[PDB]
Structure formats: structure tokens, C-alpha cells
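Here we start with a single chain on its own, the form deposited in one PDB entry, put down as C-alpha cells.
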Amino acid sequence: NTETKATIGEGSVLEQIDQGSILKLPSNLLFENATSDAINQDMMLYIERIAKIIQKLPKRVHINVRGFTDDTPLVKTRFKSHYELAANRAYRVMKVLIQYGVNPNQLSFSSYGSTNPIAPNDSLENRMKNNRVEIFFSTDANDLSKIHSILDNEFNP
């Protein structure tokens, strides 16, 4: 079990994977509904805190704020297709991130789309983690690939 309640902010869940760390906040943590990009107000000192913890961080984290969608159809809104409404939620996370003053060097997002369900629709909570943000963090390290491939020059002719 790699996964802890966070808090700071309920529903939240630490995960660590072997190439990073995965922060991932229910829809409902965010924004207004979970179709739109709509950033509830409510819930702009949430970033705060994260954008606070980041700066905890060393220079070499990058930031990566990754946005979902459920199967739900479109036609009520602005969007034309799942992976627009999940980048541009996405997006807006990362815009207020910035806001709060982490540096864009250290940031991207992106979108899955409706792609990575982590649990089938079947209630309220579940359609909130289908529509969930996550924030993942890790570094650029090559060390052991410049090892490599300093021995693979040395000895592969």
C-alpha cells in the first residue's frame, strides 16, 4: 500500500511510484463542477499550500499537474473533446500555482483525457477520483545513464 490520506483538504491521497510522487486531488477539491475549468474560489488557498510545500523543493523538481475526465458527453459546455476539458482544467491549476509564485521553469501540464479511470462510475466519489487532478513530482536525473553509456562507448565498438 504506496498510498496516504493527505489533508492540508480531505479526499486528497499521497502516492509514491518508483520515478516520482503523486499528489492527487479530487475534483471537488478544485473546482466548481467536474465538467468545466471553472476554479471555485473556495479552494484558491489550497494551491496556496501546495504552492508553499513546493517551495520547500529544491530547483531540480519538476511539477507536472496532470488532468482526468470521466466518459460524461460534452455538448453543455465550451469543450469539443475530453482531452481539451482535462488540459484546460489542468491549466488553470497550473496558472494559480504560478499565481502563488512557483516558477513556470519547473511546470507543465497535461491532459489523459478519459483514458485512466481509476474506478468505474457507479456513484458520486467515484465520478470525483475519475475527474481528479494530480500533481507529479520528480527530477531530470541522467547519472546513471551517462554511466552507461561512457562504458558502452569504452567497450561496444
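Numbering follows the first chain given and starts at 1. C-alpha atoms forming the largest set that superposes within 1.5 Å between two forms make up the rigid core. What changes on going to the form deposited in another entry:
- Once both forms are fitted on their core, a CA shift of 2 Å or more is seen for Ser123 between these two forms.
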Given for the second form:
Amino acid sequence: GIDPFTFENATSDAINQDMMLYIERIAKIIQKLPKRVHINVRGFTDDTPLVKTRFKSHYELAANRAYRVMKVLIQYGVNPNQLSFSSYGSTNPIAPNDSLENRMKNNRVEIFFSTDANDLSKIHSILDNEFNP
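Okay, that is the form deposited in one PDB entry; can I get the form deposited in another entry now?
A lone chain is what you will see next.
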């Protein structure tokens, strides 16, 4: 399956260089998709305390992450008309927050496609060509 954008720094919204390149690939994929497909960039966090940062809440942290990924997709030519962003904060974890390994799973941004039934095949086919050799 396709990978989400993982934030290794549990308390920041910083997009490093490896992640920028990956966002760029997804951007290239997105612009090839039919125009009636929209993209919702969703933001998540673990439950690491936020005390020594600027963020008041995990929602706020996840919003910044999703917004920033969205910003980057636009940088690489995705039309703002196909885009939106959402924050789920520390709700909806992939894994429980017991260990460092599982907490990384929770520090991510996920891409959601909004598509009809016919455009779903096209997305499927386009994603297959670019991601699986």
C-alpha cells in the first residue's frame, strides 16, 4: 500500500527533504487524475506532550501538518480547487501510543481521494503504474 507522510519529529510540522520529494511524486500523480477527483489532506498526531512548543493542542499541530502538506502540493502545481485539509488531532490513531515505533505511525498526514465509481478505476490504474514497478 501507498505510504503516508510520516513526521519523525513527534512535536513538529516540519517537512524535511525526503518528504518534500515524496509529496512531489504524489503531486505529479494528482495532476494526472480526472478533474472531478478532489484531495483531502488529513492531519494526525500521537499523544506526545506539547508543552515546550508553540502548539496549544494536537488538533493545532495536526492542522499545521495537513495545511503545510497541502501548501507543498500546491507548490508543485496541484490546483487549489481540488484541495482541502483537515485536522484529526490525536484522534484516529493507526497504532496505540505505547511505544516510539507505534507513535511514529500516529505522526502522519494521509491523502484521501473523493471520487465517483468510474473515476475510482482510473485512480487505481494511475497509482499502480507509478508506485508498483
